[PDB]
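Novice: Letter by letter, the chains look like this.
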Amino acid sequence: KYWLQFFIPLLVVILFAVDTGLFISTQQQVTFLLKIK
Amino acid sequence: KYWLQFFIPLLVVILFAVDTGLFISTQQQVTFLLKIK
Amino acid sequence: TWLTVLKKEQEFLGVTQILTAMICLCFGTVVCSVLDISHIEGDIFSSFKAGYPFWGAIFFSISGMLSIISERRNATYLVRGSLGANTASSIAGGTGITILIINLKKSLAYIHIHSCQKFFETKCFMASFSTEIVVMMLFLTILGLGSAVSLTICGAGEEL
Amino acid sequence: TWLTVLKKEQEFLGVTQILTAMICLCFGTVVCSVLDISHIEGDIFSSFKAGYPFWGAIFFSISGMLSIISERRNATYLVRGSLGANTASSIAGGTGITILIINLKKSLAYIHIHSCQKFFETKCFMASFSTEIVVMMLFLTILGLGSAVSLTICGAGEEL
Amino acid sequence: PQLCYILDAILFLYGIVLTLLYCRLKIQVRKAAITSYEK
Amino acid sequence: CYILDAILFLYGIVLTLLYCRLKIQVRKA
Amino acid sequence: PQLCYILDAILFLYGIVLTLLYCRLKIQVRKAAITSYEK
Amino acid sequence: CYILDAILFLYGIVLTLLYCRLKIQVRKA
Ligand SMILES: CC(C)CCC[C@@H](C)[C@H]1CC[C@H]2[C@@H]3CC=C4C[C@@H](O)CC[C@]4(C)[C@H]3CC[C@]12C
Ligand SMILES: CC(C)CCC[C@@H](C)[C@H]1CC[C@H]2[C@@H]3CC=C4C[C@@H](O)CC[C@]4(C)[C@H]3CC[C@]12C
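Chains as they are written, first to last, in PDB author numbering: chain E, 201 to 237; chain A, 201 to 237; chain F, 49 to 208; chain B, 49 to 208; chain D, 22 to 60; chain C, 25 to 53; chain H, 22 to 60; chain G, 25 to 53.
Hints in this document: simulated from the structure, not taken from any laboratory.
Cβ atoms here follow ideal geometry from the backbone N, Cα and C, with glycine treated the same way.
Check each hint, because a few of them may be wrong.
[Stated by the list, open to error] Derived contacts from chain C toward chain D, CB cut-off under 10 Å, selection only:
#, residue
1, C25
2, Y26
3, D29
4, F33
5, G36
6, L39
7, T40
8, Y43
9, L46
10, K47
11, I48
12, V50
13, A53
All chains should be built: construct the whole structure from the sequences, respecting the hints.
Specialist: Set out below in structure tokens:
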């Protein structure tokens, strides 16, 4: 009824969570990439 | 108050979501691993 | 030189397409779940009443998935299907943009006059909430449609 | 040959330690936020009232972090800190097990005698809920404590 | 005769087992990749 | 509730199946 | 002038921009890796 | 509510700075 102004932070927090998951994934990916001589 | 029996699914759904994320990341890593001659 | 650079970058537009498709479903679900649409006194819900996110999410998801798989897998019949899905998504977006424009047109008039003085949380907070949601929807739909038209024009790049 | 297998298989113990620490916070915050923990007629909460969810939350976490970083970076002073963190976590788990056991004892004393015939949904649903939650926490803490003790005995493997 | 969460109790064990098994598998495959990529 | 539990009760089956496929694939590797 | 939501909208836009750009870099680095390790 | 945005606001700042570091160290390599 009045708590409607709460879902927008709920969306952005999970967006940032999956975003940082992708970030650490690509971090590990580039760490593997730089293992080059 | 009486709706307490709802948090147990709430934690397990994100647990399984992060498990699927780990699966896709490790599948991506293993596919890269496999291509060696 | 535009053709070559657009050919090099194909599936990232598919990534933003699938992100759009996944995100547009949430607004529809929450709007249809928290409160019913058939008894809105202000009649603000017009785009949501027609189920536009339901119309567009499937088309955008198909377009993005097909674009991603085309780069991932070079199937013979998938190339034409990707172009067809891109055209269908382009037409769907072209209709939805007009739908949201008329929705904002019918929504601003109520708020402007005599309904809610200044900002919300006086008598008409839910309409301001819906207005913010639909403005975000319109902006994100423009962002998706730009990538959609770019992918559509890039995909053909050849006679038939 | 036990020492070699334990040494080579180390960071997964840190993974389960940090999983225990992370999952402890969610339960602790939800239980201590949904309702006050000092006005229970049965005084069911005998663990959350004693800080246990927040007693070994940033306590298992630091041990897991040290264990994970140990094989990643072999610092000069980190190896000494890891053993101390592991043994302190072992002691904390040993205290948590007995406080959780007495919590089960009191919850069963409550539900056992005349408080609620058959299962819940009569007067004390929260009693059964708390009992189940604390049983789950006890099992997960046993799983964490076993790994903690295994890492503690593995880490030394040498004089001092 | 009072199901739902009684049957939903074992599912948490399921989740814990899977979320630990994936972590063990990922660490093992990372170790194998490191040991195979060195030479 | 019960159906909500059912919807997440077969997720485990597919998750374990793909886990086993990954296991056999890495064993082949 | 009511605060919060006006400042919240720019945060939302920032979130989508950041996640989209990180995805772009993820595909970019994947192509870089596949083009580097192929030879 | 008013303070809720504060916690997540510097989250974006730290992610942007760490992205800058990642970009500089991928351009180095
Ligand atoms: C809107 C709220 C309610 C839910 C949001 C879910 C979103 C964030 C989910 C749904 C689909 C997901 C995307 C699916 C595909 C890709 C492409 C991949 O290369 C990177 C991850 C990425 C980009 C995912 C990011 C997270 C994602 C966009
Ligand atoms: C219960 C919900 C709310 C939160 C759960 C948080 C847990 C599951 C998350 C948070 C941080 C995560 C860990 C972060 C770091 C690593 C190291 C990596 O090499 C393996 C995965 C692992 C071990 C992750 C496992 C899952 C993890 C422990």
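Novice: Honestly, which of those hints from before does the structure not fit?
Specialist: Hint 11 contradicted; others consistent.
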